[PDB]
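Chain by chain, the residues run as shown.
4 protein chains.
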Amino acid sequence: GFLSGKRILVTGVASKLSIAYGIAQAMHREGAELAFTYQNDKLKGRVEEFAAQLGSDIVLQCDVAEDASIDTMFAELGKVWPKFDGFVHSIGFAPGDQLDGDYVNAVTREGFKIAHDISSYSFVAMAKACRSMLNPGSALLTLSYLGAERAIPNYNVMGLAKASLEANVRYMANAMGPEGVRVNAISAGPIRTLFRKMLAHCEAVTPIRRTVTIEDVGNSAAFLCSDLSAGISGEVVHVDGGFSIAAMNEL
Amino acid sequence: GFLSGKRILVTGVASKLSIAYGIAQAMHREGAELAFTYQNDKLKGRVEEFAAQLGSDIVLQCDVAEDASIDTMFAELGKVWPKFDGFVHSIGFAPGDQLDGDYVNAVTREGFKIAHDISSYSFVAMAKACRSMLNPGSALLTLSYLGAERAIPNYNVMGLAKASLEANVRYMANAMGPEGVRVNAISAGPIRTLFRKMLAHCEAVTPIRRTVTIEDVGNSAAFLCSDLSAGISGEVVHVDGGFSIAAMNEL
Amino acid sequence: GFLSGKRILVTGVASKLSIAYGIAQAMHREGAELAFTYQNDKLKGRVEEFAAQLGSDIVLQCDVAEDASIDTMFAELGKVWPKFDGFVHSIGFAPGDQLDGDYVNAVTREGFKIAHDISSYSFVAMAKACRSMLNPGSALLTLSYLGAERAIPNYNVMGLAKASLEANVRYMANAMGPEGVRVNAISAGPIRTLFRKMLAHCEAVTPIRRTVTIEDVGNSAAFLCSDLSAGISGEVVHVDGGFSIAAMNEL
Amino acid sequence: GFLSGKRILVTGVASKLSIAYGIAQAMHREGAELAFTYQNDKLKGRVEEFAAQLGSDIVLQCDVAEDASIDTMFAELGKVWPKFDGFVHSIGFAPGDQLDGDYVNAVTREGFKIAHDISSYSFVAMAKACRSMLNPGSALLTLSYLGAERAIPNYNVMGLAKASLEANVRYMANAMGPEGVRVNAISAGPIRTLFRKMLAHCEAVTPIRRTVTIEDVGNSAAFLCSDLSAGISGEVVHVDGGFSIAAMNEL
Ligand SMILES: NC(=O)c1ccc[n+]([C@@H]2O[C@H](COP(=O)([O-])OP(=O)(O)OC[C@H]3O[C@@H](n4cnc5c(N)ncnc54)[C@H](O)[C@@H]3O)[C@@H](O)[C@H]2O)c1
Ligand SMILES: NC(=O)c1ccc[n+]([C@@H]2O[C@H](COP(=O)([O-])OP(=O)(O)OC[C@H]3O[C@@H](n4cnc5c(N)ncnc54)[C@H](O)[C@@H]3O)[C@@H](O)[C@H]2O)c1
Ligand SMILES: NC(=O)c1ccc[n+]([C@@H]2O[C@H](COP(=O)([O-])OP(=O)(O)OC[C@H]3O[C@@H](n4cnc5c(N)ncnc54)[C@H](O)[C@@H]3O)[C@@H](O)[C@H]2O)c1
Ligand SMILES: NC(=O)c1ccc[n+]([C@@H]2O[C@H](COP(=O)([O-])OP(=O)(O)OC[C@H]3O[C@@H](n4cnc5c(N)ncnc54)[C@H](O)[C@@H]3O)[C@@H](O)[C@H]2O)c1
Ligand SMILES: CN(Cc1cc2ccccc2n1C)C(=O)/C=C/c1ccc(N)nc1
Ligand SMILES: CN(Cc1cc2ccccc2n1C)C(=O)/C=C/c1ccc(N)nc1
Ligand SMILES: CN(Cc1cc2ccccc2n1C)C(=O)/C=C/c1ccc(N)nc1
Ligand SMILES: CN(Cc1cc2ccccc2n1C)C(=O)/C=C/c1ccc(N)nc1
Numbered sequence: 002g003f004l005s006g007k008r009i010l011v012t013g014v015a016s017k018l019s020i021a022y023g024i025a026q027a028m029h030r031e032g033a034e035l036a037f038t039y040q041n042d043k044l045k046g047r048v049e050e051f052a053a054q055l056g057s058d059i060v061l062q063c064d065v066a067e068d069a070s071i072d073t074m075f076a077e078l079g080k081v082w083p084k085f086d087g088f089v090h091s092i093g094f095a096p097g098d099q100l101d102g103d104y105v106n107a108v109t110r111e112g113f114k115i116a117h118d119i120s121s122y123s124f125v126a127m128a129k130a131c132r133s134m135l136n137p138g139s140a141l142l143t144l145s146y147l148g149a150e151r152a153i154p155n156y157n158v159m160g161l162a163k164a165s166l167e168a169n170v171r172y173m174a175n176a177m178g179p180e181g182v183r184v185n186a187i188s189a190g191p192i193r194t195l203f204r205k206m207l208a209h210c211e212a213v214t215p216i217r218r219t220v221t222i223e224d225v226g227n228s229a230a231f232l233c234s235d236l237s238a239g240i241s242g243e244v245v246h247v248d249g250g251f252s253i254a255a256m257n258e259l
Numbered sequence: 002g003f004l005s006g007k008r009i010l011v012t013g014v015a016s017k018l019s020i021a022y023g024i025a026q027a028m029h030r031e032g033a034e035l036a037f038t039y040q041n042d043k044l045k046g047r048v049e050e051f052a053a054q055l056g057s058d059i060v061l062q063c064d065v066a067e068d069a070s071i072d073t074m075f076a077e078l079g080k081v082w083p084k085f086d087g088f089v090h091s092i093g094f095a096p097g098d099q100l101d102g103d104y105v106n107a108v109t110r111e112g113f114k115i116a117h118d119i120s121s122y123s124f125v126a127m128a129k130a131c132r133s134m135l136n137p138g139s140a141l142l143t144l145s146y147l148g149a150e151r152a153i154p155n156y157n158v159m160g161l162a163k164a165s166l167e168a169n170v171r172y173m174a175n176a177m178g179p180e181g182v183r184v185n186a187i188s189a190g191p192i193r194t195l203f204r205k206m207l208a209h210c211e212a213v214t215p216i217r218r219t220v221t222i223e224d225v226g227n228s229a230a231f232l233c234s235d236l237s238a239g240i241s242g243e244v245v246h247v248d249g250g251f252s253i254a255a256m257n258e259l
Numbered sequence: 002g003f004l005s006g007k008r009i010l011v012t013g014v015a016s017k018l019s020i021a022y023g024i025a026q027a028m029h030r031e032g033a034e035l036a037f038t039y040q041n042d043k044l045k046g047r048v049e050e051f052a053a054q055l056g057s058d059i060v061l062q063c064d065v066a067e068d069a070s071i072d073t074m075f076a077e078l079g080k081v082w083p084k085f086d087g088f089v090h091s092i093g094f095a096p097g098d099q100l101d102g103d104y105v106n107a108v109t110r111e112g113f114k115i116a117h118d119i120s121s122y123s124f125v126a127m128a129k130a131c132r133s134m135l136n137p138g139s140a141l142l143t144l145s146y147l148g149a150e151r152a153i154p155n156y157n158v159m160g161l162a163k164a165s166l167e168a169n170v171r172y173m174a175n176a177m178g179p180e181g182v183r184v185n186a187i188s189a190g191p192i193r194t195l203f204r205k206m207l208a209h210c211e212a213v214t215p216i217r218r219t220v221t222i223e224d225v226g227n228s229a230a231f232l233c234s235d236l237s238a239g240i241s242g243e244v245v246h247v248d249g250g251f252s253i254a255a256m257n258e259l
Numbered sequence: 002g003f004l005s006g007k008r009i010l011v012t013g014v015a016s017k018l019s020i021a022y023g024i025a026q027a028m029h030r031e032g033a034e035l036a037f038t039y040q041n042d043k044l045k046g047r048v049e050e051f052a053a054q055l056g057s058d059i060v061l062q063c064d065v066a067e068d069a070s071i072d073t074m075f076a077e078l079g080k081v082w083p084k085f086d087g088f089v090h091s092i093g094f095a096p097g098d099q100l101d102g103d104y105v106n107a108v109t110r111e112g113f114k115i116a117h118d119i120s121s122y123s124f125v126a127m128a129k130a131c132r133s134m135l136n137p138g139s140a141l142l143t144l145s146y147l148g149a150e151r152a153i154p155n156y157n158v159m160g161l162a163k164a165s166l167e168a169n170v171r172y173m174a175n176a177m178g179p180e181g182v183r184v185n186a187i188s189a190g191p192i193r194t195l203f204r205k206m207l208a209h210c211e212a213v214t215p216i217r218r219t220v221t222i223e224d225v226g227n228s229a230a231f232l233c234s235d236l237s238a239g240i241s242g243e244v245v246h247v248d249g250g251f252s253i254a255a256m257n258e259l
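Protein chains in written order, with the deposited numbering: chain A, 2 to 195, 203 to 259; chain B, 2 to 195, 203 to 259; chain B', 2 to 195, 203 to 259; chain A', 2 to 195, 203 to 259. A prime marks a further copy of an entry chain.
Careful, some of the hints might be misleading.
[What the hints assert, rightly or not] A few chain B positions that, by computed beta-carbon distances, are all more than 12 Å from chain A:
#1 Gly32
#2 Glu34
#3 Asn41
#4 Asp42
#5 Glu49
#6 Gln62
#7 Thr73
#8 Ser121
#9 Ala212
[Unchecked claim] These stretches of chain A come out as covered by chain B' in the derived footprint (C-beta under 8 Å, 3 or more residues):
#10 204-210
#11 250-257
Keep in mind the hints are simulated off the structure, nothing from the lab. For every residue, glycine included, the Cβ atom is placed at its ideal position computed from N, Cα and C.
Excised from the complex, chain A in its bound form:
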C-alpha cells in the first residue's frame, strides 16, 4: 500500500463506527503499522481488540487533558517505536450542556475552556510531546467540521473550538514544516457515530447526494498521511461530498 513502511499512532478509536476506526482500517489496508491509544480503562480491552485485527499490540492509554499522561504515553510508545511517522488526532469534546439551544445562552467560560483544551490544544499538545520522535516526511492529521467556518445550530462552542483547531493546523504546519513534517485536517461531513433528521437534509442537498462514510474519510486520511500528499500541508481538506460549496439546493 502507499503507507508501506510508515508507523502511525491513531487516537480516538472508541467503536467500529468511530472515524478513527475507519481511518485505521484504511491505513492498515495500505500497509502501515499502527499503534492506538485509549482514554480510559473502560475501553482498554475493547481497544486492544480492534488493534489485534489490524496487526497491532501497541495499545497505550492517554488522557490528552493531562500533559503528564501524554508524556507517559509517548515514553511507552518510544520503547517500541523510538521513531515513527506521525499520528492521527481524532479527539473532540464539550460538556453536553454546551451543545443544545441558543449558543449565547448555552456557552459558559468553563464550557469554552474544556471544549478548546480538549478539541484543539491537545492536537499541538501531542505534537509537542513527540516532536523529537518524528522522522523526516512524517505527517500529522486532525479532524474538523464545517461548524468552524459557519454558524451551525446547536454546534455552538464546538464551532469555536474547531476554528481554533483549524488555525492550529496552519501554525503547526508552519512551525514543523521546515523539519520535514506536514500538518493537515479533514473537515468531514456529518456521520453517524457514538441528528438523523439532519443526515436527511445533508443527503438531499449534498452534490454526491449521500453522506460520507468513515470509509470515504479513512481513505482521505490515509492519503493525507502518506507520501502521496507530500505537497500538501496546512490544508483543511473538505470530505463532505461538496456539501459546503453549494447553497440553496434545498429550495
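Fit chains B, B' and A' with the ligands to the known structure of chain A by using the hints.
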C-alpha cells in the same frame, strides 16, 4: 453624525495610541453617547481623563477574566443606561512568553488557555451579561487580526484565539440576529500601539501603500456600529489596506 | 454628509427598485455630486428623471459592451468633471437561456462569453478609460453575489462571472492602490428587482431574519465610497444579513 | 494501483515538464488506462511518444477553443472508449501581452475573452461534450493557481480566469454530482514548466521549504481522480506545500 441617538460601550482604551481610542473619537464625532471600562487601578486614571474629553463620565471597572466583574460592571451601567445599543470589544491578551519564536515550542496549555479565554470567550461572556439590555438595532464589534486566517510568525497562539474569536462572531451573530442584534469584527492591519521592520514591509506591499491608522479603523468601527451597516452581520471586514488580498508583492 | 465634496459616477439605474438607485439616493443624502449613465434609448428617459430628482443633470449614454462607448462617455463626463472620485459599477448580464436548469446543460460558449464580458470585464474596462481622471482618494465599487463563492441553482454562469469579477476587484485594487484608488465590492443578498419562494427561505434562515434592502446596500455603498472606508480595499463586503455565514438553519 | 480499471483522458501534455505529464505518469503507475489529446500537429508525434511509454496508443487531437473539435475528439475516443471515468483538464492560456506589468494597463477585452474561454470555459465545454460517456464514479480534475484567490503581480487577467475556473468547479460538481460524477481542482504552487527569482522566494517562505514537483501534483491528481477521494467534490485542493496558508515568513 450617523451615530446620534446611540449609546455604545467602549472597552480597551489604554492610551491615545489605543485602537479603542481611535474608535471612541470617531464614534463621538458622529454623535454617539459613550461609556468606558478600564481593567485595573493602573488604567482608571487615564480612562477617566479620556472619557471626560469625549463628554462622558461613565467609567466602569471590568476584568473580563471574571464573570462577577462583568455582571457588576453591567449592573452599574444599568443605573445610567437601562438599555443601550452595543459595545466595542477591543480586548486581547496572551502571556508574553507565548508570542515569540517557534509556535509549537512557545505554546503551552496555560498560555493557550489564557489567550482564548481573554481574547475570545470574553466577547460572548460580555454579550451574555447584557443581552437583555440591548435595544433592537444594537451592534456588537470586536477586533481581530490576519493571524487568524493565516499562520504568522511569533503571533503564535493569538492566531488560534483570534480564529476562535472570528467564529464566535458568527455564532453570536446567528444567535442574536432574531432579537435585532448584529455582530461583526474588524480584522485590522498592523498598527504600532501598546515590529518596525514588519511595518516597513507591510507599507511596501499593501495596495494603498501604507498601514492603516486608528482613524481608518475608527471610521470603519463607527460604521459597523451604526444603522448604516444594518445589512452586515457575522462578517469580518478587512481594514488593512488590502494587504491580505495580495501575494508575492515584495518580488 | 460624509460624501460632501465627492463627484461619483453611478451606472445601472433602471428603476426605483434598482440597486444603483438605492445607492444613488444614499450617496446623495450624504452630499455627493452624482453623474448617471444609461444603456440605451429605452432607459434614457427614466434615468434623466431620476437624476433630476437627485440634483444632477449629467446623464450620459454608455454600453459597456463597447470600448468606444466607454471612451466617449468618459470624454463627455470630462467636460463637466475633469476629474472625479470614483464610480459605482452595478452592471450584470447573462443571456436569459443561461440562468435556468442544470448548469452544465444551460451554459454555452457564447452565453459564457457575454456573461463574463458584461459582468466582469466591463468593470476594469471602465477603470481603464477614466484612470487619469481619478483623484487620489477615489474609490471604485461593484456589486457581486454569493453565487460567486458557492454553487447556487439556476444562477449558473453568472456565478462564474461574479467570481471573475470579485478577482478583478483584487487585481484592480492592487494595481491602482499606489495612485490612491481603492476598489471594493458588495456581495449583496437577494432583493426583488428588475424568486418569491427563495426570499421566503432567505428571510427565515438569515441571522437578522429579513432580506436586505437597497437602502441597506445603499448605505454600505456610500460608506465604501467615502473616506470613512479609507482602510478597506480589494475587499468583498457581505451585505446579506449574515446569510452566508450560517449553515443548516432551516432544520 | 488505486486507479486499476479506470479510464482517464489527459489533456495539456506538452513536454516531460508538463504537469499533465507528471499526472499521467502517476496515474499510469497506479494502473489506470490513459488516453491523451494534443492541441496541434506540431505535437502529434511528440505526444504519441509520451503516450506509448504509458501503454497508450489513444492520442487524439483537440482544440478546446472549438466546439466542433471537442465533439470530434470525443467521437473518436468513443470508438475505443464508449465509456470512461473522467478526464484531466490541464489547459491554461492568455495572449503574452496580458501577462506583464500593471494589470489595468495590460488587460484588454480581447485578452480577457481568450483567457477566460481557454482557461475556464473549455473545462465545462469538455464535460458538456462527454457527459453521457461517463460511468458512475467518474471524476473530473482541473488545475488552478493561487492567482485566483489573491492579486499576484503580472499574473493579471489569468487570475480572473482561474477564479472563474474555480467557480466552474463548484457549479460543475453541483450539477453532475447527482449522476455519480465528482469535480475538483488542484491549486498547485509554482513550478518550472514550458520566474526563477520567484521560485527562490517561494522555497524560503513555503512551510515544507521547497516548491512542489509535478510528482507531488501527479500524486494528488491520481488520488483526486480515484475512488479513494470519493467523499471529495467541488474542492480546490492546495498542493503548494502550504505556501498560501502562511504570511510574512519573509520578514
Ligand atoms: N461524527 C461526525 O459527524 C464528525 C464529523 C466531522 C468531524 N468529526 C470529528 O472527528 C473526531 C472523531 O469523532 P467521532 O465522530 O469518531 O466520535 P467518537 O466518539 O467515536 O470518537 C472520539 C474520541 O474522543 C475521545 N476523547 C474524548 N475526550 C478525550 C480525552 N480527554 N482524552 C483522550 N481521548 C478523548 C474518545 O476516546 C473517543 O474515541 C472528533 O474530533 C470530531 O469532532 C466528527
Ligand atoms: N495594534 C495592532 O496592530 C492590532 C491589529 C489588529 C487587531 N488588534 C486588536 O485590537 C485590540 C486592541 O489592541 P491595541 O493595539 O489597541 O492594544 P492596547 O494594549 O492599547 O489595548 C488592549 C486592551 O487590552 C485590555 N485587557 C487585557 N486583558 C484585559 C482583561 N482581563 N480585562 C479587561 N481588559 C483587558 C487592556 O485594558 C488594554 O487597554 C486587541 O484585541 C488586538 O488584538 C490590534
Ligand atoms: N437584485 C439582486 O438580488 C442582486 C443581489 C446581489 C447582486 N446584484 C448585482 O447588482 C447589480 C444591479 O442589479 P439590479 O438587481 O439592480 O438589476 P437591474 O436590472 O435593475 O440593473 C442592472 C443594470 O444592468 C445594466 N446593463 C446591462 N447590460 C448593460 C450594458 N451592456 N451596458 C450598460 N448597462 C448595462 C442595465 O442598464 C440595468 O439598469 C448587478 O450587477 C447584479 O448582479 C443584484
Ligand atoms: N506551471 C505552473 O507554475 C503552474 C502552477 C499551477 C497551475 N498550473 C496550471 O496547470 C495547467 C498546465 O500547465 P503547465 O504548467 O503544465 O504548462 P504546459 O505549457 O506544459 O501545458 C499546458 C497546455 O496548454 C495546452 N493548450 C493551450 N491552448 C490550448 C488550446 N487552445 N486547446 C488545447 N490545448 C491547449 C497545450 O497543449 C499545453 O500542453 C494550466 O492550466 C496552468 O494554468 C501551472
Ligand atoms: C461534527 N461533530 C458531530 C456533531 C455534533 C453536533 C451538535 C449539534 C449540531 C451538529 C453536530 N454535529 C455534526 C462533532 O464534532 C462532535 C462534537 C461533540 C459531540 C458531543 C460531545 N460530548 N463533545 C463534542
Ligand atoms: C495584532 N496584534 C499585534 C501583533 C502582535 C504580533 C506578533 C507577531 C507578528 C505580528 C504581530 N502583530 C501585528 C495583537 O493582537 C497583540 C497581541 C498581544 C501582544 C502582547 C500580549 N502580552 N498579549 C496579546
Ligand atoms: C443576484 N442576481 C439575482 C439572482 C438571479 C438568480 C438565479 C438563481 C438563483 C438566485 C438568483 N439571484 C439572487 C443577479 O445577479 C442577476 C443576474 C441576471 C438576471 C437576468 C439576466 N438576463 N442577466 C443577469
Ligand atoms: C500558474 N501559472 C504559471 C505562472 C504564470 C505567471 C505569470 C506572472 C506571475 C506568476 C505566474 N505563474 C506562477 C499559470 O497558470 C500559467 C499561465 C499562462 C502562462 C503563459 C500563457 N501564454 N498563458 C497562461
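*Measuring Cβ to Cβ, find out whether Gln62(B) lies farther than 12 Å from everything in chain A.*
holds (19 Å)
_Assertion that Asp42(B) lies outside the chain A interface [Cβ separation over 12 Å]_ = Per Cβ check, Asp42(B) is outside 12 Å of chain A; nearest 24 Å; holds.
*Beyond 12 Å from chain A, beta-carbon-wise, is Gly32(B)?*
Non-interface label on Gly32(B) holds, nearest chain A Cβ at 29 Å vs cutoff 12 Å.
_Cβ contact check, 8 Å cutoff: the segment 204-210 of chain A against chain B', three residues minimum_ = holds (count 3)
*asked:* Can you tell me if the segment 250-257 of chain A counts as covered by chain B', using C-beta to C-beta distances under 8 Å and a minimum of three residues?
replied: Per the Cβ count (6), the hint holds.
*Was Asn41(B) rightly flagged as not at the interface, with every chain A Cβ beyond 12 Å?*
holds (19 Å)
*Would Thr73(B) pass as off the interface with chain A, using Cβ distances and a cut of 12 Å?*
The claim holds: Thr73(B) sits with its nearest Cβ about 16 Å from chain A, beyond 12 Å.
*Is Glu49(B) truly not at the interface, in the sense that its beta carbon sits beyond 12 Å from all beta carbons of chain A?*
holds (29 Å)
*Does the no-contact call for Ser121(B) survive, Cβ to all of chain A over 12 Å?*
For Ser121(B), whose nearest Cβ neighbour in chain A is about 7 Å away, the distance does not exceed 12 Å, so it is violated.
*Beyond 12 Å from chain A, beta-carbon-wise, is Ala212(B)?*
holds (22 Å)
*Does the claim that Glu34(B) lies off the interface hold, with its Cβ farther than 12 Å from every Cβ of chain A?*
holds (25 Å)
Checked against the numbered hints given earlier, the structure breaks only hint 8 and satisfies all the rest.
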